[PDB]
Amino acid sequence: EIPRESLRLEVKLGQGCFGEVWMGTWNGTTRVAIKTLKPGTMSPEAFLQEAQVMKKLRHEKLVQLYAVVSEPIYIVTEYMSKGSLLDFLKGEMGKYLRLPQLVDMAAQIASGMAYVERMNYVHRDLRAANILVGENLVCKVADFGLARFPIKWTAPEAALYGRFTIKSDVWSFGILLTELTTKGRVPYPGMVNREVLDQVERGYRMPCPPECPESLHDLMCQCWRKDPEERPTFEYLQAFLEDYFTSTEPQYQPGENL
């Protein structure tokens, strides 16, 4: 799956903490997004044993990996039009995104994470910046396999005792639910990365966002339960969001924000 580094990048989509991501072409006609990884902790060997990212991790709502170079890498994947969900919520599209759209995008994310769950895999960092948005509201999970930081998204079990499991990503899915229902705003508004750990251990949970039904805030608190194994399945989360406007909020009327 290793092609050589003679397919070159055109447009730089953005810069992040660990490497760059570019927009380019592959074999002359395929439009392709290429994530570069600078000399951070490039596991030129333990990175190529990452043959599972690409094997049977092919799902509708997972970003389809195409190829990898074996120096600095260029993870070759599909090109998602609207970029990251975080920008799509902050941007101009936020003005017209309502709850039915936000809950559909949450259902898609749960679907792809339900696939990662069925495959007994773990995605150690799930948030709105690691989810890509195409057109017609297609969300896909990206950035799943990086082991080698967002404390406001990580479950308390995994920040203090390194216990990352699929239930740990349920926790951040709940935090991600707040990003959808606040149009990209930063969780625990007003607090800092260590002020958050004191409050979560003491029992503090984020209140109900404005205009958001408590039906959906209760689903966050199920994802924010102290005991990991009592947090809901991604199978349950997917079905819950898929049926939401029929089994849970049939009296929902579209407001001015949600």
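Numbering follows the first chain given and starts at 1. Rigid core (definition): largest C-alpha set, two forms, superposition within 1.5 Å. Compared with the form deposited in another entry:
- When the two forms are overlaid on the rigid core, CA displacement between these two forms of 2 Å or more is confined, within 203, 210, 44, 190, to 44.
- Once you line up the core between these two forms, the Cα of residue 249 stays within less than 2 Å of where it was.
- Once the rigid core is overlaid between these two forms, residue 54 counts among the residues whose Cα shifts by 2 Å or more.
- The rigid-core alignment places the CA of residue 9 2 Å or more apart between these two forms.
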Given for the second form:
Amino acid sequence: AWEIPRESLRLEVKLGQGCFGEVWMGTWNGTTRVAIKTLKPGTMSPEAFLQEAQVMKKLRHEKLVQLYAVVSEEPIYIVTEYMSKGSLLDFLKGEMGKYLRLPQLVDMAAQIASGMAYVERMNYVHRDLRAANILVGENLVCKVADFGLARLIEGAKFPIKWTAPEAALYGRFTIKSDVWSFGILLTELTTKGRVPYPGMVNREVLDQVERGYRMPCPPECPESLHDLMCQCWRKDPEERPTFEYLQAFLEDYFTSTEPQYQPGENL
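Could you switch over to the form deposited in another entry, since the one displayed so far is the form deposited in one PDB entry?
The text that comes after this line covers the one chain and nothing more.
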């Protein structure tokens, strides 16, 4: 049903690479610009790679990168929507990050929250929500990507700095652990791509977080945005906001919450 013959696409330009496989910009049927996720034949089991596609089959939303097709035979390809701007993390860290201010950044957060609100409604967990897994298109369109770890609320190792402590400690992955991650994502947005918990390693992060440590308000970030971050980081997962709440709070932000916002040098 999602199967297409491989001769239907042509891999044009290389975009990303690793021990994982490759990522290619290409054309499908000689008309549609696509993105093509290749696997290096022998780095992970055939369907552990392909599970990403199988979750992407179940989930369609305008703020989630959308699965186009799959070639099941080897070499195996996952075909998806092409995002012209690449990674949110890279975008934020690069020459385009200089000129982004709170209004653009809050709008990007609100789009990501919209995508996550859908994931919430569908009884899924993403498990890997972070700026490196948000993709940017034209006109500052942000979409959540990389559903490899996503499963239904009926892995092996997880980035302590973005993972809710109950999920890192005891494997308690809920939509509320994804809310925790979204709060971390909000610091990526307001520090322009900086790694969370500067100068702290993983082991330091865990016990700090367990003892009640939370990141401070980033410079030029309104306290009301930091307050929202800290709600996302409540110790009790059920004390954390819904994505429905986050989406609406972020959409309405400059009327309801900061009607007096004045642009600074960075935010």
